[PDB]
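Next up: a single chain in structure tokens, the form deposited in one PDB entry.
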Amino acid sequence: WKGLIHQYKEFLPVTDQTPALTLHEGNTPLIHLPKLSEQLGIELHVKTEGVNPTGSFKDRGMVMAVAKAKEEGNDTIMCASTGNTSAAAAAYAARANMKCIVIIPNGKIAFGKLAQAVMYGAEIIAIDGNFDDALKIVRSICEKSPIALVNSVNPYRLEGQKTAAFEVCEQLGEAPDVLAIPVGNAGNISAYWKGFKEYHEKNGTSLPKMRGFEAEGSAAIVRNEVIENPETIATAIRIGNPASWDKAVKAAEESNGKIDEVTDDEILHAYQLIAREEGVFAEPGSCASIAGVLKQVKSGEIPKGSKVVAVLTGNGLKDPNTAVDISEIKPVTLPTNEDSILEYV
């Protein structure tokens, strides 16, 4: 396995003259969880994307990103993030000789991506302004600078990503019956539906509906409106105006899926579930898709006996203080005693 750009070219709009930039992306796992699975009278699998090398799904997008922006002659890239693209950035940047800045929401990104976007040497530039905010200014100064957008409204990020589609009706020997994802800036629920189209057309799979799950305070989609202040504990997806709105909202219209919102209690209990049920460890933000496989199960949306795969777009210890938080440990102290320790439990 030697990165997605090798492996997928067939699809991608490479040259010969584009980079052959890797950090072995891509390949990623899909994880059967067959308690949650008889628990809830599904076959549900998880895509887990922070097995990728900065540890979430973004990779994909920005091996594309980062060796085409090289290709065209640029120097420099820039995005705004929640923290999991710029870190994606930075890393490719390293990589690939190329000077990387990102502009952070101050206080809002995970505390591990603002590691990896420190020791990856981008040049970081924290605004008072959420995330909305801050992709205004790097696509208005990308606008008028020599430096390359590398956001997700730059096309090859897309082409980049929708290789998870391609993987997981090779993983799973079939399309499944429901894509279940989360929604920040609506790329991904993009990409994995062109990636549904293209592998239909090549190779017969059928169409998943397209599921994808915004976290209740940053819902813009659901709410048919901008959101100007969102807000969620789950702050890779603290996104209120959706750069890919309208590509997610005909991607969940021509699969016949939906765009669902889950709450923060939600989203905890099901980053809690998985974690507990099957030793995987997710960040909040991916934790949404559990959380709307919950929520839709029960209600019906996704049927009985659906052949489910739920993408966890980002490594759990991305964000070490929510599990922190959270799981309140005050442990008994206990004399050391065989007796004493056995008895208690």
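Take the two forms, superpose them, and find the largest set of C-alpha atoms that agree within 1.5 Å; that set is the rigid core. Residue numbers count along the first chain shown, from 1. Compared with the form deposited in another entry:
For residue 10, the Cα coordinates differ by under 2 angstroms between these two forms after the core has been superposed. Once both forms are fitted on their core, a CA shift of 2 Å or more is seen for residue 334 between these two forms.
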Given for the second form:
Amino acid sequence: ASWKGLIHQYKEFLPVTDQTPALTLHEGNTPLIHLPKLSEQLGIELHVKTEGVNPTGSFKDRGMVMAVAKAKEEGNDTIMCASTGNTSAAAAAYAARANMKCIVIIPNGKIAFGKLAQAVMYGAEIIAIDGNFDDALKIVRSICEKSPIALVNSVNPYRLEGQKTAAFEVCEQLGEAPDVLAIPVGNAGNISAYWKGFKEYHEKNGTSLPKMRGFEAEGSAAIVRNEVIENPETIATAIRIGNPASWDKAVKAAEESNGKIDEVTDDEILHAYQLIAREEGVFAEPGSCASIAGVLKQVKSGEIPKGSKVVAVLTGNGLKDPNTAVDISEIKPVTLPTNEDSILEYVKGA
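Having seen the form deposited in one PDB entry, could you now give me the structure of the form deposited in another entry?
There are no partners or other molecules in what follows, just the one chain.
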């Protein structure tokens, strides 16, 4: 049938009133794709929730449609967020759609090319700092406390209310809750939202409770180290975050679900990044592939038992970050003369 966006489709789970604007970019309802080759190789039943087909190319659209609709309902005209790039892209698109001004603070030289192009195109006022995301978040929260500008980072609870619908959809698309929900962790709002979603669906519809398995990049694994990281690092700039704002909710999700927050190296991330594209035709940005890298690590160790039904969240479209793709990949265009014989000869001799 039809799909009219999250606010309409999940209205009973959401803080929607008759005065809530009907804001939508048709976000949500993203594919849950079975990966049969990787399932065979791993000895599990692996599906990927491909959030890169959301309107701005990441799961952030789920929370942002809710946050911006409520911000407009509650009488604001300007929104602001700090971002590694996907939240600012979402905020900018929904602000333009909603006729609100948008201001974003980003870490200079540390957001992907595609995310920058979106923020420029959607019409945000873009402020860059030489600090990291964590610096930007501190500044943004201070400013929205000291101005009438509405904060639309994940600490805004409407963001997590929108993002929990991804757990609803996974249950509906799989026909049941999975054994394991594998997910990247940056600012930790998303793993918190999925867990909140699984609990609500458990209570209302009787679905089971997955083990929540979150994965930070080793260079930014503040939760795994149990310490704030003052200079987080990782090539997966989406999750280059050393003081997650939803730290306590995420640890609670892991504990209540009998799950775990783990870490993956950049090399593990980049391997999973190439793996799913080469073997399954699925292209997600590096930070997203922490979930797949996490599945490979824990299938190897037995922490994900063979035969498990596993959903890995692919949080962002691979088109967000074309530089990493070309920088790391061994595949390069070979330049040939515009001559059928040379090309055919190359085709056969290679």
